[PDB]
Amino acid sequence: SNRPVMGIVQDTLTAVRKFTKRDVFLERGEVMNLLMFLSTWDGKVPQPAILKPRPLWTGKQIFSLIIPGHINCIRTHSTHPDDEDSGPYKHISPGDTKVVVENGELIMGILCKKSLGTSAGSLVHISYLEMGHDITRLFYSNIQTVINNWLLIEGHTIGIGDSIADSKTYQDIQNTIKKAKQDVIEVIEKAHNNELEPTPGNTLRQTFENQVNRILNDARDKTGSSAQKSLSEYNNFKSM
Amino acid sequence: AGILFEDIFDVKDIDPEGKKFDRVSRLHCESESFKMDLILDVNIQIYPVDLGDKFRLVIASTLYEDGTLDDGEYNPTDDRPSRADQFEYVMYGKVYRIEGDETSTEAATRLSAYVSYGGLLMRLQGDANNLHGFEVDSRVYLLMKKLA
Amino acid sequence: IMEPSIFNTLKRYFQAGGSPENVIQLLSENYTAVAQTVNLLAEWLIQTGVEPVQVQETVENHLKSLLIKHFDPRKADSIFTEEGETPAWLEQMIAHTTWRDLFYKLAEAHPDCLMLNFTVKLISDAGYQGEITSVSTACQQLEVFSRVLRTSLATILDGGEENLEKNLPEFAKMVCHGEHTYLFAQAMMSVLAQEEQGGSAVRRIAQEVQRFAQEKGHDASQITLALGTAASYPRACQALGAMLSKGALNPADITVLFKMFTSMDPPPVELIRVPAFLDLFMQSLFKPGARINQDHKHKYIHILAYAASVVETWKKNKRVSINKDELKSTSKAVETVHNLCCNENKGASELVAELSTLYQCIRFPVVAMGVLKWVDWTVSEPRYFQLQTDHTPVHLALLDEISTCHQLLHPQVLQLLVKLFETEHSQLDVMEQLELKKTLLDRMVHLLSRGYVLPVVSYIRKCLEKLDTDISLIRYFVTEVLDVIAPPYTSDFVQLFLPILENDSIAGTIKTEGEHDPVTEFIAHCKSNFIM
Amino acid sequence: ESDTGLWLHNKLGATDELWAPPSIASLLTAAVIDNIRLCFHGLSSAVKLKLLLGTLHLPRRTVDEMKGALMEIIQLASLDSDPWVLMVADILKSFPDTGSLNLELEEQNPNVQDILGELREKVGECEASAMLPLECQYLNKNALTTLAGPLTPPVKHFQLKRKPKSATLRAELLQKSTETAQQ
Amino acid sequence: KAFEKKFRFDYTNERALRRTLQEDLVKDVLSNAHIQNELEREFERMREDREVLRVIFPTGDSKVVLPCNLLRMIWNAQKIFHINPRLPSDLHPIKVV
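Chains as they are written, first to last, in the authors' numbering: chain A, 530 to 769; chain B, 2 to 149; chain C, 57 to 588; chain D, 6 to 188; chain E, 914 to 1010.
For the record, the hints were derived by calculation from the structure and aren't laboratory data.
Please note: incorrect hints may appear among the correct ones.
[What the hints assert, rightly or not] With a straight-line Cα cutoff of 16 Å, these simulated EDC-like cross-link-like pairs (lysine to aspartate or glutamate) come out: (1) A/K710 / A/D750; (2) C/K302 / B/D14; (3) D/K168 / C/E536; (4) A/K573 / B/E74.
[Said to hold, decoys possible] A few chain B residues that don't get close to chain E, going by computed Cβ distances all over 12 Å: (5) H29; (6) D38; (7) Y48; (8) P49; (9) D51; (10) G53; (11) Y65; (12) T78; (13) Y93; (14) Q126; (15) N130.
We treat Cβ as the ideally placed atom computed from N, Cα and C, and that holds for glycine.
Assemble the whole structure, with the sequences as input and the hints as a guide.
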């Protein structure tokens, strides 16, 4: 399928997604600790993104140090709004969800599995084609080592606090379940009294079965959507 | 001496469509006089910017006032007098896009320069007479300083 | 037919000399017959054809201009007019000043400065000061422009609200062509609006001109604030100037304003009554999206309440008695309405529930205007009509409430209704579309019931005649209107309602009414009213 | 700068536009104004009009810095024989000093006299069913009574037999709201 | 019409050539008609290719696998050679053809 098969595996992927966010800043000591693990580092500490108040490197600078040679790719983050490229801010992403790697340096964007994974046209595939293949081996090794060693400082977990929504969300879920259950019951009482009419193409029992499955699938989808609007951006399920 | 742009802006909006990141927020600012928009990502933790502030913003090709044109390496021991001592928030980044209201027949009037400071994005939409010093894929500084 | 060139042949005839071979040949250049007379006889031949009507002379003059447009001699126009003579242009402007010089100065307009000057002076000599101005750019020379502005203002002020829609573009294309002319016109508006004895119409015309300036591309808010008294208090006016130069709401700017308000030294209330400011307020507050961050929200509501609530007594340019005892109720109403527009609870499970509180709120004019704008921005969303209760009349019931509790919003209500009526709704059933049109016509009938009738019937006639709509819709409109009205009939209503009824489907009105008689009663009353 | 009159005629001399062009506060610095003050009688009337209109678009603080030079430009503009320049100077003479524009605008000009007299008569005779301003769609009932008198009733073009079905619709929806509120 | 607007390289316009090319190349294109003939011929070839593609792909999709990523290579050339695409270019279109 003319695509890479290696990709970036789970934990390194999550740690690099959290790493390349816009609000990630690194102290000088942490920057030196991270740059110690780059095999392809020429020994020059980059100019910080923040100089005067607290010299503070952004993680995107370290990842640009990772990215080899001078490769250029444009990808989209997994949560990139589809209505973002229509109106304004199509080049200055408010969500930082537009991955642009330019002249071998990560300009912007958060690297999900659609940037570093096994999808065709990803960063690793272009690194394989534009650069060599030993260089891509170095790229994989550097990503793994330095992102794990930053994950030591950051830390990533999952717990029972990541599986609990606030009481308003629970009330919404229970209200939706009750409404769908009552709807199924009234569909049943329509079916008993022969007031249900058969859909053209199948029997009455299946017009009924199609109705019940449709209502229950709508309930499942609505409850799932109402549940996944309440992660508060720190939920580790959402992180993964 | 090496300054590409200098203007006084006024903070009008802080991330009006919600706060995407807790440590960095974008400021929708208007110029005091030049009638230009500036959308700027700033670290709120180390440098809090409140709504309604007024600040000077000076894009400079280099911090050294002689225009010595450093490469961009981190030199914390260089005691050459830089312009950063006049300011309080210095961001170094590369300008990656200069789009503008242009036509295939006549010139561009309103330019829009895009610059990324590591990952912190800044769009400067102004007139071509003020954004003429910007060049695509060059290295610039920020030099913002709030004032009453 | 070389006779037609007597003049130039003359000086080449008495003083030919030398070798007059070219002189004889140009004396011999009209090799045809008397085709000048034959061209006039072409009209006599058309007398046996279809029509050589006065339009035949018009077409001859049109071909005249068509072959004239090649030369149209700017080249010697300045020389031939600086000759201080030529009843040519004077006579043409006396007789044929309809569109000849109009197209002439619409063609090039850089040269022929003296032909243009003579045509413009003759346009000034015409009675109605500026109708033949061969250019809508007649705002360059002051003695002409001031008088044209005066006569146009007289025309509009004698016209009224009906003429407010027809004459205002023809008046604003002049005073917005140049912004120095805009400054002159707005200064005149300010000086005329200094008086309280009829200056409200002048202020309204100024506001419409400013709205057209905002449409066309002016940053005319700074001029508007410079003309006003708001500049006497500098910083608030400067904040307003920046905010209206950006056309958007900044919470910092409104906090700056709010710090100056609700104190013991408020600014004169005419600084906040500018309508574009309130329109931006509506845009930033009552859009179905565009959330406001819950902290300076009460400041927004208080600013709107102070704008639309307080009174004052300017006893010789000073106030001595203002009150704030009803802006608490206004703030409560606007806060409730904004909460109702922010909750957006799916299919109005709550919008239907709190409809009584909404009816209580829409008793207020600013609340009604905000709800009207919100319903405009909600219903006019494409693919909205997929929730159906009775083809979704809920927001249209709010339209009815707005039309009921007030009267000045009726132009906007009718504009929204006709915008929805003209809008073809895709992905809907054709019968469903027809019943949606029926609901909109029911709303129009409700508007007709509360006094606002003449524009509605005018639009019904316009859509029956021009770009004609379905005749059944007009039949239904007539049926519903005549089931609720009957005896006395002001003459204007009869004059406007007669032709749509008597022409084009008499028969469809009466099918099964019986107990109350059909249009026959209206016909009898129309016979009894007028003079046959 | 050098040849500043030609510079003004170059940056503002596009006569095809008659608006105050944007970035006019960026084109009007105190040094530039002081360069204008000695070559003010040379440049054309259109560019001069653009300059006088752009002097109003400056921020308040910049005007308050060097209002004396602006007043000198105003005084030089009031002497010019051009009608537009004279009128705009008459209007603008009070802007740098007070902040508000002039409202006493009747001397030295028969045009304003004629327009104001005719329009005062017209406005005095045209008070019947006056056009309320666009602000009247917003302020309340008693506020409108304070501003521009009471509410003018509509013309009763007919008589109403029965209320239309919209009354039934609002009654039914009020009943539905009552029934939904108690759930 | 979109195809003709995007691929024809209209040479008759002065200001577009002034903005896109350097003046020596502009006068080289505007003076000679042989170069104009060659540009017209390459647009003819592209119309032929359009017809061939529409025969090949009856379904309106163009996501096709090809060896050399030409857009990415053009972008790489731009990034390597420091184009600054605001300035008029200095490559002769006949050289391109």
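Comparing the hints with the structure gives:
1. Restraint check for A/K710 and A/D750: satisfied, since their Cα atoms lie roughly 14 Å apart, inside the 16 Å limit.
2. This hinted pair checks out: C/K302 and B/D14 have alpha carbons roughly 12 Å apart, not beyond 16 Å.
3. At most 16 Å may separate the alpha-carbon atoms for a hinted pair to count; D/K168 and C/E536 meet this at roughly 11 Å.
4. About 6 Å separates the Cα atoms of A/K573 and B/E74, which keeps this hinted pair within 16 Å; it holds.
5. Under the 12 Å C-beta cut-off, the non-interface status given to B/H29 relative to chain E holds; the minimum distance is some 26 Å.
6. The non-interface label for B/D38 is consistent with chain E: the shortest C-beta to C-beta separation is roughly 21 Å, beyond 12 Å.
7. Interface exclusion of B/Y48 from chain E stands, the closest Cβ pair being 32 Å apart, more than 12 Å.
8. For B/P49, the non-interface assignment is confirmed: its Cβ lies about 37 Å from the closest Cβ of chain E, beyond the 12 Å cut-off.
9. Taking the minimum C-beta to C-beta distance to chain E, about 37 Å, the non-interface status of B/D51 holds against the 12 Å cut.
10. With a least CB separation of 36 Å from chain E, B/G53 remains clear of the 12 Å interface cut-off, as annotated.
11. Every Cβ of chain E is farther than 12 Å from the Cβ of B/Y65; the closest lies at roughly 24 Å, confirming the non-interface assignment.
12. Every C-beta of chain E lies more than 12 Å from that of B/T78, the closest at about 31 Å, which supports listing it as non-interface.
13. Distance check for B/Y93 against chain E: the nearest CB is about 20 Å away, which clears 12 Å, and the non-interface claim stands.
14. No Cβ of chain E comes within 12 Å of the Cβ of B/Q126; the nearest lies about 16 Å off, and the non-interface call holds.
15. At roughly 15 Å from the closest C-beta of chain E, the C-beta of B/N130 stays outside 12 Å, upholding its exclusion from the interface.
In summary, the structure agrees with every hint in the numbered list given earlier.
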